[PDB]
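J.: As a plain string of letters, each chain reads:
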Amino acid sequence: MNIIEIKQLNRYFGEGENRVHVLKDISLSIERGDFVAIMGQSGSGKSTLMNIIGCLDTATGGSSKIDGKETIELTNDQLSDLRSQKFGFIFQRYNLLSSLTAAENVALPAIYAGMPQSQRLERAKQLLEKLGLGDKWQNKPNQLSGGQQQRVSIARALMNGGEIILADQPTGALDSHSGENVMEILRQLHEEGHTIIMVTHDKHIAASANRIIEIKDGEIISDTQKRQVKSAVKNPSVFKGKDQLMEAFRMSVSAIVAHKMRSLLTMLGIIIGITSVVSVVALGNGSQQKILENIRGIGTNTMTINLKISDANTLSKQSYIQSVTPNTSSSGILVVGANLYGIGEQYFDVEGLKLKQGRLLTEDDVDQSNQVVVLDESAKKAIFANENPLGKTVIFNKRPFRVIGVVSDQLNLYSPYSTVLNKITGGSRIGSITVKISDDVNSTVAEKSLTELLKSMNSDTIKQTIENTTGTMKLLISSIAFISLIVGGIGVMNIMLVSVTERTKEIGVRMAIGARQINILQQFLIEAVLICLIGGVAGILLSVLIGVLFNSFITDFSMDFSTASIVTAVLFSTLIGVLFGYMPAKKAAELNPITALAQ
Amino acid sequence: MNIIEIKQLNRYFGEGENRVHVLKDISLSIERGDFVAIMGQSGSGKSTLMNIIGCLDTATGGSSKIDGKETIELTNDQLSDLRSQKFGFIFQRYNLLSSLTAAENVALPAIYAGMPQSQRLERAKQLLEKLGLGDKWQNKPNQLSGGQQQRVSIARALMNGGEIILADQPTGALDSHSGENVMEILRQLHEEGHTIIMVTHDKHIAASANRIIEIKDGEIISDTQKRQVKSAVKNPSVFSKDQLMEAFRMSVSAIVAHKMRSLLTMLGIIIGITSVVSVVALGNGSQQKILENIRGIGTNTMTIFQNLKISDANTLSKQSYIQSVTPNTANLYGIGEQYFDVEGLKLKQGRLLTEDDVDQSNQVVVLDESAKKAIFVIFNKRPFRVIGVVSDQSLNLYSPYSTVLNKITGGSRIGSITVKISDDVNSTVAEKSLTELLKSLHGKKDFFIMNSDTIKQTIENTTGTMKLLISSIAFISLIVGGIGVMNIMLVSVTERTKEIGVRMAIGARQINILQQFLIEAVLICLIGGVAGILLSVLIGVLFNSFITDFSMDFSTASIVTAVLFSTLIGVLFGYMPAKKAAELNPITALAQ
Ligand SMILES: Nc1ncnc2c1ncn2[C@@H]1O[C@H](COP(=O)(O)OP(=O)(O)OP(=O)(O)O)[C@@H](O)[C@H]1O
Ligand SMILES: Nc1ncnc2c1ncn2[C@@H]1O[C@H](COP(=O)(O)OP(=O)(O)OP(=O)(O)O)[C@@H](O)[C@H]1O
Ligand SMILES: [Mg+2]
Ligand SMILES: [Mg+2]
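Residue numbers (the deposited numbering), protein chains in the order written: chain B, 1 to 241, 247 to 310, 326 to 357, 364 to 436, 446 to 491, 501 to 643; chain A, 1 to 239, 246 to 311, 325 to 348, 364 to 410, 420 to 436, 445 to 643.
It is possible that part of the hints are untrue.
Said to hold, decoys possible - Pairwise CB distance ranges (calculated): (1) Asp435/B with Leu577/A: 54 to 64 Å; (2) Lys382/A with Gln508/B: 16 to 26 Å; (3) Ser339/A with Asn423/B: 38 to 48 Å; (4) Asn142/A with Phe254/B: 25 to 35 Å; (5) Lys234/B with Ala207/A: 19 to 29 Å; (6) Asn477/A with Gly384/B: 24 to 34 Å.
To be verified - Keeping only pairs whose Cα atoms sit at most 25 Å apart, straight-line, the calculated SDA-like set for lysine to any residue is: (7) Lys216/A with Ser522/B; (8) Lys226/A with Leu250/A; (9) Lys216/B with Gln126/A; (10) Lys490/A with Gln436/A; (11) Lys65/B with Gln78/B; (12) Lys140/A with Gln78/B; (13) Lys407/A with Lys265/B; (14) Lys136/B with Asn18/A; (15) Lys407/B with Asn326/A; (16) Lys140/A with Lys418/B; (17) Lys507/B with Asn326/A; (18) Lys507/B with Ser522/B; (19) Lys418/B with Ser522/B; (20) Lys549/A with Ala263/B; (21) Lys518/A with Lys549/A; (22) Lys328/B with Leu354/B; (23) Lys226/B with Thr71/B; (24) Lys125/A with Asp217/B; (25) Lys265/B with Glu634/A.
Stated by the list, open to error - Only part of the chain B face toward chain A is listed, based on derived beta-carbon distances under 8 Å: (26) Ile261; (27) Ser268; (28) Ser284; (29) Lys295; (30) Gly461; (31) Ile465; (32) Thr509; (33) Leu519; (34) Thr548; (35) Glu550; (36) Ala642.
Just so you know, these hints were derived from the structure itself, not from any lab.
Just so you know, even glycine gets a beta-carbon here, dropped at the ideal spot from N, CA and C.
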């Protein structure tokens, strides 16, 4: 029977007293196949009605039925089907996409329908040929006159060959010639079985119509028909219960290339949120190595202890003891022109004394009980003043000694324990045994692991301030990485929330021309991940370049990276940049297109 | 004679092959006061010519003279004057500011003309009345139908009473009633001496013009005059505190109109401050605890290992770069008054050697923690009364030097003198300052100075590492937040380049733009700044309360640096784009 059935349709805008009655109990039925022209004074509710017909708005009250199916009760996907294939809409203000070409803007509604890309541009190019724009098929909207942009919008509405053709003032900016051709086009579509509902003010245009309604003050005044209307059985239906993503991907790349700034800035906000978190973790762990190393080098940790060399020999065969020293001293007199410490092979490693000049007590010296002495930094300057002491001799208890090297501090003389127990004091008993406990093993554990291992005192203030300042450096690195991470995240959020919501109009258009709710989320997720995992890649390998640059010029300490921070910094900056690139696009795609088109 | 003289005027668009010839050697002299209607096929160059006449575009070649004065040769403020007082422009696409009410949009061009605010709204409301929109004066453009929007535009163009009214299809989206009413307005203004140039496709509209020109493919085909033009009398030429007080009011509304943009940008600088400050203060705090953990491992001393008198040490202790001094001579260490402060040894139980013991050569000994636990005295068949114990760091015993040189060994010559070098004085400076200070006393030798200062080394060595740390992560976190503002800022203002093109076409001067865009920055900069300096404060309070370890010790140099950097950068990027737009041709600014 009818194709559109409106009854008791009311419409309101505003809050009240700021509220206005815009469509008042208007009841209208349009007969399938008609050519209806709507006329009225500016701001009388015409466009408001057209939107509720084309499923871009939703009336406050009353019924509206397309092919007898109540529109409000349809589902969201069902409604999108109507806007894609039943309705072809010519927007008053032409509502193109400013980044797409003429042809691209025409074929857009056909992508969500689902025809091959090759078929689209040829048709879109032909629609522009009919409407006199074949010369300008590549120009973008802002490279076209208003009248041309209008005809572009016309071609779009005819791209999917929709049954109904809602045309809100489709001639407004067109000359008589261009305008007549458009009416030639619309007439021939009426003649081929199409339904036309056209708002206009030009009477010559309204002449091409069979029926002419007049609206005024939200109510319907006139109703005129020249002829009766041929009958027509309704078309079958347009309801659709992989390639969809191939297209979504192509759209998202183009979009990204179109908005070079927004895109570049966005990925650049992700780039930093990664490298900043990564560079402080690696600068933090780098300055912790040096600081702890500078503390370990201020002295060692040792455990001074029937104690024969075979005890200190097996003591050195552990992995929780890295060096050992048998000990024995002597108090006598020296001569050139005191204390002679009888020490072990590794004593200069057990106490951290470092070699200044010459060499230290080798293994041959302790085996043969050599009469060789290593001098203390102090006792070396006092005896020899500023002259080289290497080789020259000293006399301890009328017994020669050949100076072989100098060491640092914490008169003192260091000779083997075999030479003090054979050539200075005699006897076989030694004073004590000293061991250098490893840096990793626990302190109080070894103090009881040596009591056990020998039966079969210790100084550890460095080993304390090490563990004490490693807990401090932890809290520092840990709490500045947390800042930089929360910083760079809110950095992505801000630039993502802005650059996305700044295209809520674009969704409103896409929804008006057929796209389904999911079609939007597809290309906006693809837009995010595609811009986030390129910013991510650029991120992990921009901090690399920074490390190299740093480790090259900087000498104090090195920037050592942590693959945990890399992961955490990337998986966080993208998990947050994708969430805020999706959330806004979704909230827009679920708005009534006209409410999305008024932003 | 002529109010508009256009000769040889050409115009192109694009880059060959993408280049098009749009206006082709068109010469057209319009007589002052006339009423002209231009017609032609869609895209024949009508809007282009219209923009050139109104000083919104500029021709590739050929002349174009308003009141005989060449246009290109005019200054950027002389044009801005024309657009405000010579031309009233009705834009084909109506080009309203979405965030302004219907009345606000119409009065706008009167700001940059300098009219009181109470008079603007009353006239704007009246103009809307004359166009039938007095019912909707509060409505924002998206709360209006296309036609209504068109009439708001018409109203705006007539706000400054410009002599020339460049109407580009003023009646396209209007019924005949409204359209004719608009024609009644234009027809009367013509009577009152206004010049009218009107682009249209309606012929009934064109009839109401004495002169009718038809353009096709960029050339002029038709030129028809019904009656001769009424003789013309040339009109007079038309060429900061308030100006700014208005721009401020524009900035505040602009900010409140873009709540998200604003809250996000000011949040962008809030972080750029809190981060920089919170890392400078987390670092300086941990440094204190680390440098303290190192200083507590030992002191720094310079032992002057005969000719060594107690008056030497007595004068040595009277410096500010020396904090304590000690004469020095089983083991019984004849030591001085402050020896337990020189080496850092601290008191366990009992007491230390007082000034009465060393003065009286008392026979009292302070025991080492190791030599105290093993035994529990008589040193060389000479009693000694124990009095205390110390911090360990053979058997060690501590007695006065006066007791060892009198009751144990004899002799008046001591062993050495140990001084405790201060924490702030440089080391190698003191090693050469004591060689001088004591040499002035002439008591040399010895002066064979030792210096144990590895602690004083491994603080300067780690303070140089902690410096490079806090200094390079404060540079990161600063560069980070600085770009974070640039991003959010460089978008937010490029987002409104068209708003500028509107303001520039409708009268504003270049400077007028920079005024309200700077005030938009500084006003949003120094609020997020305040929000930043005191949000970091609250973070410190939260950190110092729950964390026992190192306290977050702030710096009043990073506070300044962070703020003055996050604003100077947010201001530089709120201005740079706004200024680059306001110097484009208004049409090129309107196409974005
Ligand atoms: N940026 C551009 N790049 C290339 N060509 C352009 C550009 N802008 C406009 N053009 C072309 O130059 C011509 C100028 O059109 P103009 O703006 O004068 O439209 P018009 O004559 O007012 O048409 P209508 O009557 O439809 O409004 C058009 O044919 C258009 O295709
Ligand atoms: N968001 C809104 N808030 C308040 N009022 C609104 C809103 N949107 C539209 N209106 C009002 O609803 C009415 C309907 O406008 P509509 O767009 O239908 O006009 P129209 O019939 O298309 O006229 P034109 O020929 O000018 O396009 C107008 O009077 C307008 O002021
Ligand atoms: Mg309308
Ligand atoms: Mg035009």
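J.: Indicate, hint by hint, whether the structure satisfies it.
T.: To see whether the hints hold, each was checked on the structure:
1. Evaluation of the 54 to 64 Å hint for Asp435/B and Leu577/A yields a pass: the beta carbon distance comes to about 58 Å.
2. For the pair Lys382/A and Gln508/B, the supplied restraint of 16 to 26 Å holds, since their beta-carbon distance comes to about 19 Å.
3. Between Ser339/A and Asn423/B the beta carbon distance is about 46 Å. The supplied range of 38 to 48 Å therefore holds.
4. Our hint of 25 to 35 Å for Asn142/A and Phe254/B holds, since their Cβ atoms are close to 33 Å apart.
5. Between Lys234/B and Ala207/A the Cβ separation comes to about 46 Å, which falls outside the hinted range of 19 to 29 Å.
6. Distance hint check: the CB atoms of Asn477/A and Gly384/B are about 31 Å apart, consistent with the given range 24 to 34 Å.
7. Among the hinted pairs, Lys216/A with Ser522/B is inconsistent with the structure: their alpha-carbon atoms are about 73 Å apart, more than 25 Å.
8. As the CA atoms of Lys226/A and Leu250/A are separated by approximately 49 Å, the hinted pair breaks the 25 Å bound.
9. As the CA atoms of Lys216/B and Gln126/A are separated by approximately 24 Å, the hinted pair is consistent with the 25 Å bound.
10. Proximity of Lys490/A to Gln436/A is assessed by CA-CA distance (about 32 Å); at most 25 Å being required, the pair is judged violated.
11. Restraint check for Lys65/B and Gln78/B: satisfied, since their Cα atoms lie roughly 13 Å apart, inside the 25 Å limit.
12. In summary, the hint linking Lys140/A to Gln78/B is not supported, as the alpha carbons are separated by about 33 Å, beyond the 25 Å threshold.
13. With a C-alpha separation of about 79 Å, the suggested pairing of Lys407/A with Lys265/B is violated against the 25 Å cut-off.
14. With a C-alpha separation of about 10 Å, the suggested pair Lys136/B and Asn18/A falls inside the 25 Å cut-off, and the hint holds.
15. The suggested pairing of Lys407/B with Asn326/A holds, with an alpha-carbon distance near 20 Å, which does not exceed 25 Å.
16. Proposed proximity of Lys140/A and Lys418/B is contradicted: the alpha carbons are some 102 Å apart, above 25 Å.
17. Between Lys507/B and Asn326/A the alpha-carbon distance is near 42 Å, which puts this suggested pair outside the 25 Å criterion.
18. For a cut-off of 25 Å, the pair hint linking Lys507/B to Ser522/B stands: about 22 Å separates their Cα positions.
19. Between the alpha carbons of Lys418/B and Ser522/B the distance comes to roughly 56 Å, so the proposed pair goes past 25 Å and is violated.
20. Between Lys549/A and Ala263/B the alpha-carbon distance is near 18 Å, which keeps this suggested pair within the 25 Å criterion.
21. Straight-line distance between C-alpha atoms of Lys518/A and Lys549/A comes to about 48 Å, which puts the hinted pair past the 25 Å bound.
22. Taken as a hint, the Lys328/B and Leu354/B pair is broken in the structure, with Cα atoms around 29 Å apart against an allowance of 25 Å.
23. The hinted pair formed by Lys226/B and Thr71/B fails the criterion: a straight-line CA distance of about 30 Å is larger than 25 Å.
24. This hinted pair checks out: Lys125/A and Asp217/B have alpha carbons roughly 22 Å apart, not beyond 25 Å.
25. At most 25 Å may separate the alpha-carbon atoms for a hinted pair to count; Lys265/B and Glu634/A meet this at roughly 22 Å.
26. Evaluation of the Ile261/B hint against chain A yields a violated restraint, the C-beta minimum of about 15 Å exceeding 8 Å.
27. Look at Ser268/B: its Cβ only gets to about 11 Å from chain A, farther than 8 Å, so that hint breaks.
28. Interface hint status for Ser284/B: upheld, as the beta-carbon distance to the closest one in chain A is roughly 6 Å, under 8 Å.
29. Interface hint status for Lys295/B: upheld, as the beta-carbon distance to the closest one in chain A is roughly 5 Å, under 8 Å.
30. Taken as an interface hint, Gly461/B does not check out: its beta carbon lies about 20 Å from the nearest beta carbon of chain A, beyond 8 Å.
31. Against a cut-off of 8 Å between C-beta atoms, the interface hint on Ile465/B is violated, since the closest Cβ of chain A lies about 15 Å away.
32. The beta carbon of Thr509/B comes within 5 Å of a beta carbon in chain A, closer than 8 Å, and the hint placing it at the interface holds.
33. Because the closest C-beta pair between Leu519/B and chain A is about 6 Å apart, less than 8 Å, the hint holds.
34. Interface hint at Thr548/B: violated, since its Cβ lies 12 Å from the closest Cβ of chain A, which is beyond the 8 Å cut-off.
35. Given the 8 Å rule on beta carbons, the hint for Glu550/B is violated: about 14 Å separates it from the nearest Cβ of chain A.
36. A hinted interface residue such as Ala642/B counts as satisfied when its beta carbon comes closer than 8 Å to some beta carbon of chain A; here the least separation is about 4 Å, so the hint holds.
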